[PDB]
Amino acid sequence: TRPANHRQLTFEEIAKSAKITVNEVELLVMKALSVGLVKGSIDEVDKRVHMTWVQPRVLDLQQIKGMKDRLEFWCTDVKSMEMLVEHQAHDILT
Amino acid sequence: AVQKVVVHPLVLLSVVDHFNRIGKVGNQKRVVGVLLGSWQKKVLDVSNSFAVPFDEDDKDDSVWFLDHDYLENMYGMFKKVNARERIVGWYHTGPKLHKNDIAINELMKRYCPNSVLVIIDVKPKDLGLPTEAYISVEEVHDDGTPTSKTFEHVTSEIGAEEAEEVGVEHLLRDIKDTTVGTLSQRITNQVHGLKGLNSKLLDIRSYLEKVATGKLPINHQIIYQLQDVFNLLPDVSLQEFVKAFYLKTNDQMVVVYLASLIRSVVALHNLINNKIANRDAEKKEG
Amino acid sequence: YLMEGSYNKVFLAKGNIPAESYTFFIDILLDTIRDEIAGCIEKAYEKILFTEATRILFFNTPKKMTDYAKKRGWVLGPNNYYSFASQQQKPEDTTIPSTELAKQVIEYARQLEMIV
Amino acid sequence: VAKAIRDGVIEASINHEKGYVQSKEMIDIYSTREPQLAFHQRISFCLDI
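Protein chains in written order, with the numbering used here: chain B, 19 to 112; chain R, 353 to 638; chain E, 1273 to 1388; chain W, 163 to 211.
This is chain B alone, in the form it adopts within the complex:
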């Protein structure tokens, strides 16, 4: 659910979502790290979890348009840098 930016989440959020108290949540994430479902690292003194990689999943046809738009405004940066580098260093060889 959370975006790639600001993926850090707290213990109390897990406690409320999973309907358990705090003292077990570590073990839960431990299990989630053991079987390789999710990859990350966990802190204890500050009650924070740093989540990094989660398994992919299937999704409908109205969600891939987001990836299409992301490619849309991704290709333009490459094109712009191409043009800038080509024009700036022209006389180095015609």
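Hints were generated in silico from the structure; no laboratory data involved. Each residue gets a CB set at the ideal place from its N, CA and C atoms; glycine is no exception. There may be inaccurate statements among the hints.
[Claimed, not checked] Restricting the straight-line Cα-Cα distance to at most 30 Å, the calculated cross-link-like pairs of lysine-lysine (BS3-like) are: (1) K1315(E) / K595(R); (2) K381(R) / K562(R); (3) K475(R) / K97(B); (4) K165(W) / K1286(E); (5) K165(W) / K1281(E).
[Stated by the list, open to error] Here are a few chain E residues that sit away from chain W, every Cβ distance over 12 Å (derived from the structure): (6) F1283; (7) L1284; (8) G1349.
Starting from the known structure of chain B, fit chains R, E and W onto it as the hints suggest.
Chains R, E and W only, in chain B's frame:
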């Protein structure tokens, strides 16, 4: 199984002139031939090749004709002149792979259990390599079939031998690199990389456009790989990354500073030497 | 006196002129100086008492302090004022160099390998 | 002191209610961009000569 394949220019020239001499007769679309080469470790080398009579109908993709006796006797005939070569696979000059490729590969897998398919483009228009290398394999998934035959790509490159190198050097009189230095290190590496990356992104754009409006055969492995791609982009706004970047750049510039200083000193020395040596030449004429 | 920050002498001498009236220009200088002192106080302070502004700026209690604060908005009352400063805009971004430094390196390469 | 602070001469702050001036300490100039410029200038000079 196979890691890299190396292709000599001889087979490229043979492909080109075979295509020319067989397409001049009539309007054929695809031609087929068999390659010869060698193995060492996991690296494959291709040396030479010869053609073979092949026929295919555009009406249906399930009818085609090859010659067995021709291939057998021609291999036997090339055996008597050089015994080091051996059958390794085949090539077809189609712009893109066809449906019948699996059937032909199965047909001539008899002569080589590790046949490798090679596609050569006869009229390239870009800077990419003209050759593509594929190998058969059996793939397994959840439902539909326990195994299915599928091609997988293998890295290819163009090699050269000493005699071949001197021949191609004699043939390429007109075109030769201007300078070797930062020029060839920059344009031949960076701008071409931008070109290729943009082309790849455009192709994947096209495929994604084909979905959710048109045909729509939603495939899931492509989606998984797209998620993996879009998840692996690094973040360059982090403070520690910026600090490390600045530290390394500042560390690197001092060396260029020093080298420029040395060059200036050497230039001054050369100027002094020339002026002193040349001022003592006018009085000798009297 | 005006070139540096010393301002008390300016208003002290403004009531002491041996030449003539000169009142057509001292008022303009007073307005400009009061405006720039207001501008300066806005920086480097997060807390100040209300009467301290009346002491620093020579209008004592003419009701002009509240209208003057209407001119220079300020934030809070309770005999206090507050200001906020960021100044982190220039740091924490390496994208802004990414182009000008590329241009600089391209220039080095261009003037390093051309035959003159 | 205020006039000096405003033009960027120093980076300190003063408390009118208390009286003392609390200087701001921030040092790590090698991570700053400026050495790059301080080298760019001399590099360009040595390339011109």
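- Query: Does the structure break any of the earlier hints, and which numbers would those be?
  - Reply: Violated hints: none; all satisfied.
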